[PDB]
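**Q** Okay, here's what each chain looks like letter by letter:
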Amino acid sequence: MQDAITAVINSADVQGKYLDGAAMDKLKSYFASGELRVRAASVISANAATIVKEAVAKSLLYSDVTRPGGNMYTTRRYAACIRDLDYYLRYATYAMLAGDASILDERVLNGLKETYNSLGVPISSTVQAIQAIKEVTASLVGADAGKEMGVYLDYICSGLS
Amino acid sequence: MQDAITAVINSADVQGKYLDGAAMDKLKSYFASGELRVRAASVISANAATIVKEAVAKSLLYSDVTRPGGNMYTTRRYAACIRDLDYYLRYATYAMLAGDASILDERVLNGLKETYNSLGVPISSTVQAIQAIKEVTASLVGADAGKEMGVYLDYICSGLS
Amino acid sequence: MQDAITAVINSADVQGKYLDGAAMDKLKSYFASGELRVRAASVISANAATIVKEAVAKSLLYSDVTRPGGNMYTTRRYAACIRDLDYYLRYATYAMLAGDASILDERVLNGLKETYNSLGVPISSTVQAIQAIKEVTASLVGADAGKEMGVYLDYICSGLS
Amino acid sequence: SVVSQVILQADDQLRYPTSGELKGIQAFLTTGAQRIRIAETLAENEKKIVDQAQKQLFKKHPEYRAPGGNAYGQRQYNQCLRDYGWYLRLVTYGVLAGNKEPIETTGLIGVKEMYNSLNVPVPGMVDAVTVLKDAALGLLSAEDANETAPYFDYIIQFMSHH
Amino acid sequence: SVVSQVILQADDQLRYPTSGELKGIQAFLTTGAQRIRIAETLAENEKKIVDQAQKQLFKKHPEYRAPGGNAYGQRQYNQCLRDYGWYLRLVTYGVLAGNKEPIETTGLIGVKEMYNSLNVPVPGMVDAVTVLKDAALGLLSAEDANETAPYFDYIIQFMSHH
Amino acid sequence: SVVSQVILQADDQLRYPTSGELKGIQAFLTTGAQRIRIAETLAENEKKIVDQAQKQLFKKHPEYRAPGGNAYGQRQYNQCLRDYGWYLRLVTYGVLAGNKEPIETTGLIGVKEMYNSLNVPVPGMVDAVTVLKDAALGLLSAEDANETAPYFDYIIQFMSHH
Ligand SMILES: *[C@H](C)[C@H]1/C(=C/c2[nH]c(/C=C3N=C(/C=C4\NC(=O)C(CC)=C4C)C(C)=C\3CCC(=O)O)c(CCC(=O)O)c2C)NC(=O)[C@@H]1C
Ligand SMILES: *[C@H](C)[C@H]1/C(=C/c2[nH]c(/C=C3N=C(/C=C4\NC(=O)C(CC)=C4C)C(C)=C\3CCC(=O)O)c(CCC(=O)O)c2C)NC(=O)[C@@H]1C
Ligand SMILES: *[C@H](C)[C@H]1/C(=C/c2[nH]c(/C=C3N=C(/C=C4\NC(=O)C(CC)=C4C)C(C)=C\3CCC(=O)O)c(CCC(=O)O)c2C)NC(=O)[C@@H]1C
Ligand SMILES: *[C@H](C)[C@H]1/C(=C/c2[nH]c(/C=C3N=C(/C=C4\NC(=O)C(CC)=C4C)C(C)=C\3CCC(=O)O)c(CCC(=O)O)c2C)NC(=O)[C@@H]1C
Ligand SMILES: *[C@H](C)[C@H]1/C(=C/c2[nH]c(/C=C3N=C(/C=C4\NC(=O)C(CC)=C4C)C(C)=C\3CCC(=O)O)c(CCC(=O)O)c2C)NC(=O)[C@@H]1C
Ligand SMILES: *[C@H](C)[C@H]1/C(=C/c2[nH]c(/C=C3N=C(/C=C4\NC(=O)C(CC)=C4C)C(C)=C\3CCC(=O)O)c(CCC(=O)O)c2C)NC(=O)[C@@H]1C
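Residue numbers (the authors' numbering), protein chains in the order written: chain F, 1 to 161; chain B, 1 to 161; chain D, 1 to 161; chain A, 2 to 163; chain C, 2 to 163; chain E, 2 to 163.
Careful, some of the hints might be misleading.
[As the list claims (entries may be wrong)] Derived list of chain E stretches under chain F, where covered just means 3 residues or more per stretch with a C-beta under 8 Å from a C-beta of chain F: (1) 33-42; (2) 90-102.
[Claimed, not checked] Under the rule of at most 27 Å between Cα atoms (straight-line distance), these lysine-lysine pairs were calculated in the DSS-like manner: (3) A/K24 with B/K17; (4) A/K113 with F/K53; (5) B/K28 with A/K24; (6) B/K26 with A/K113; (7) E/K24 with F/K17; (8) E/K113 with F/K17; (9) C/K56 with D/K17; (10) A/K24 with A/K113; (11) D/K17 with D/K28.
The set of hints was computed from the structure by calculation and includes no laboratory data. Ideal Cβ placement from N, Cα and C applies to all residues, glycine included.
Isolated chain F (complex conformation):
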């Protein structure tokens, strides 16, 4: 994985260059965003179970997905689904804190689509739940932090589609 600083360093390193003005401007932006990111991480950590619970209630409960023939039917599958959502929220928070999506490529999306299609886990419904997570999260962390979390939750969704 890389965070936003290591990403800019690597772009310079592969050219054998010191960071130029444009590169330093990227670092300044990330350094300045520190308070935003740290506060949001604290809020999400404290409210992680509530965020997932509320997203599921909005997007999956009382639908075909939780009835026989749906992929959340059986307590075993229901709990596995919740666990996935816990994962997506935690890793999106990592990526938001890092200001970089690389941890998502490396540790979330790697082989995930194939795993879901082998198991019959519905992509459409998963993406709907992650989108619900985005909106619940935004209601708690505010507009500005909500936008950053939205980037990385959207990133996960795009990676599944």
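Following the hints, put chains B, D, A, C and E with the ligands in place on chain F, whose structure we already have.
**A** Below, chains B, D, A, C and E with the ligands without anything else, positioned relative to chain F:
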């Protein structure tokens, strides 16, 4: 794996239904077949080595398969082949006892055809030996138990072809 | 793996034959080449680090490969590349001693091209360095042993291409 | 069921089932008619059984249907009755299979994680299945009630113990 | 052969062969002419060697060719003689390789499982190779017999133990 | 950087970062302006820094530029000066990241294997970076020199050991 009872239960569960009359009729059939299945399992267990050696004598011995260039040449390959036949008989007996072929899909056939093709194990000759196992087995367990075993030995053969 | 003797034995065994005159002539050639092969192996073992550093100096140093953007840039990748060359020399020496390339197929080339292409390791430059190893080795072990080593170093190169 | 249980153990040990294991399978398979009678009786009386059960449950726990309670309001209360019918159905599966496996795989693994996520009190579920047991066993003969009680008990114990 | 064995050990230890291992290889490769002479002598005399051996074998074990015996009848007896020629051939491979590897991989791993499945007595095979050894070594010089004896002994010991 | 290090530890333990880890990240991110000033000062003064450093290095080790020395001749000497500029650049990466990671992954893992293969004395590299440190820190304020010294020290210590 499932046995015949769990299979019928699962078909009901995925619809959220109690077992209806047709489903109960399937269970009654399996419950009534108990003596047949248990007796055959006891006979095959007691005679497993004899069944395999007689099948090999009928289908493979004195042929090209056991001469240089054939896949049973060398004591190491000869013994490996016998071991495969031991496997097929034991797993077919499991499936007969269960009245369900799922253990064959899950624990015998999974990636088997690709394994044989990579190693150069002849499918045609293997299927001939399994068919010989079916006929030897039928001579010992009788006509009716012989038919049930035949279903699951045939199942393995179809899965290899 | 096989050495040159086991290769000739296996060709006879799969036909169920004693070794004929042509087969014995192959063994005689290998037995007679013993002094050549053993001397070369001793020389290469004693000079293995020097052979690799001289090959690298001839084929890779001061080129694009060792500058930013090149696959030997960073001390970590530089060292990994040297390690590969150490491998190629050691395994070519095994194959030369055995008078048979099977150990190269089984322990060097197996999945190697796929590994390099996934990592971005340049095939062209790797082959150039191995070719440099061939010429440095020949300068030390002489013309005749140099030819034998050349067969197995060339074999690795062909396997990568 | 009981049969697959034996087969899994035998396969684990690379062997045929033992004479003892086969005797156990034989004994299980001759008890089929009783298991089917129990399953059909519970299925036939589902509405009656769930009604008796829910009446006792909410007499004990009226707070569940009071404001702020998990079963407040008709849609939520009706979903509780739905769950009740589902656990009765799983018990019939257990009785037919002769073991807890169909109950565990469908309704117990992850059950606490699920109901916690739904804000349904797990001790409320323990109390719910306890009176479901009472209502269901009351419609069976003494012999059949003794056969069936362990499947309810397994659910109750599972939901009680972490 | 001896060469492969050294290479496998070296590879296991991520190293070049040692000076000692290389000296061992050199010594093996200078003994090639002797090994070829032994292999060709045994090959040339196969029919004679197998005939002497089977005569002694079935003098000791006439029951093998009596009714119920594994070698009863011409087709079965001839297959025994076939096997005899095959083990003689494997011994020549062993002599040429300077170790037991070609004998073990073709004729010993799984040999008991095979002959048990064929109802050929393994102690019978031990006795068979013992008199095969006698017949074969009798056609070699004293020096060459000493070189060859351990390859027969390896087969005999393998079929005796575990 | 400091951020990814926290995240890797959290991920390892399947958890969110702790309040303590978050406070550490907060503190690091407010020190950005200082790190950028240091990085730009070293970049701007690269030629002067490397010149002071190489003058001291080869006063101590004139044998490196004598016949048989690794830096004998203009092309080789100029490649040493090239390497000097590269390690100065890596130090600026370390200062910006707040840890040794970008220095280690680009310039330290395998560094001894590399320079041994090049016949460049690793103790010469230790001495080289020591006087590079002197030259670089001399152009910084007392405060900034204290911030920067550990990144040079990390290189020096790494090259002295194992
Ligand atoms: C919930 C929104 C939906 C749902 C999900 C569901 N997922 C699985 C099984 C798996 N999910 C994962 C996902 C991950 N594992 C990881 O380590 C990571 C990365 C950090 C992820 C994203 C995996 C690997 C599995 C399979 C292995 C396992 O179960 O641990 C299931 C269970 C499928 C089954 O029947 O076994 C389900 C039900 N299903 C839905 O319907 C939802 C919309
Ligand atoms: C005998 C009828 C024929 C024959 C068979 C033969 N098979 C192999 C090797 C393998 N066979 C298996 C099969 C299984 N392994 C399992 O775990 C199961 C499932 C329950 C099966 C069915 C496998 C995995 C192998 C490869 C690994 C191993 O050897 O254990 C061989 C040996 C091939 C070799 O040269 O290594 C042979 C000879 N060959 C015939 O000619 C027969 C017709
Ligand atoms: C040097 C000539 C070139 C070069 C090589 C280079 N290779 C790697 C990485 C790997 N190389 C191997 C090779 C082998 N591993 C083996 O076990 C064997 C066989 C006996 C071989 C031939 C492998 C497996 C790897 C990947 C795993 C590992 O690193 O151990 C690298 C590093 C790539 C990276 O960024 O990680 C490099 C740089 N690169 C060049 O530019 C040369 C021309
Ligand atoms: C009734 C005795 C108790 C009660 C229950 C109650 N449940 C819900 C909502 C849900 N129940 C389920 C249940 C299951 N899903 C499964 O796969 C299985 C396994 C067979 C079960 C049992 C689910 C998924 C839901 C969510 C909605 C949906 O169906 O999608 C409610 C609704 C309100 C809430 O969620 O809090 C209630 C009220 N409540 C009680 O007080 C009883 C103890
Ligand atoms: C003769 C000294 C003894 C004897 C032998 C005997 N063998 C058979 C039948 C078979 N023998 C083999 C042998 C091999 N297959 C191999 O791959 C190898 C390794 C090189 C060997 C040695 C086989 C495969 C057979 C089966 C038939 C076939 O060739 O397909 C018989 C035939 C009767 C029987 O099977 O019982 C006999 C009689 N019997 C003796 O008494 C001797 C001690
Ligand atoms: C100067 C302070 C010392 C010195 C150095 C010197 N280096 C070389 C040659 C090379 N240096 C490198 C260095 C790197 N490659 C990397 O990926 C990294 C990491 C960022 C480094 C630092 C390389 C690859 C070379 C080889 C040539 C090439 O660039 O392809 C020399 C050249 C002579 C030689 O190789 O011996 C020298 C002289 N010598 C000193 O005395 C100093 C202590």
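**Q** Confirm or reject each hint.
**A** For each hint, the structure was consulted:
no.	hint	verdict
1	33-42	holds (count 5)
2	90-102	holds (count 6)
3	A/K24 with B/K17	32 Å, violated
4	A/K113 with F/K53	14 Å, holds
5	B/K28 with A/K24	19 Å, holds
6	B/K26 with A/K113	34 Å, violated
7	E/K24 with F/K17	32 Å, violated
8	E/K113 with F/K17	23 Å, holds
9	C/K56 with D/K17	24 Å, holds
10	A/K24 with A/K113	37 Å, violated
11	D/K17 with D/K28	18 Å, holds
Taken one by one, the earlier hints fail for this structure at numbers 3, 6, 7 and 10, listed in ascending order.
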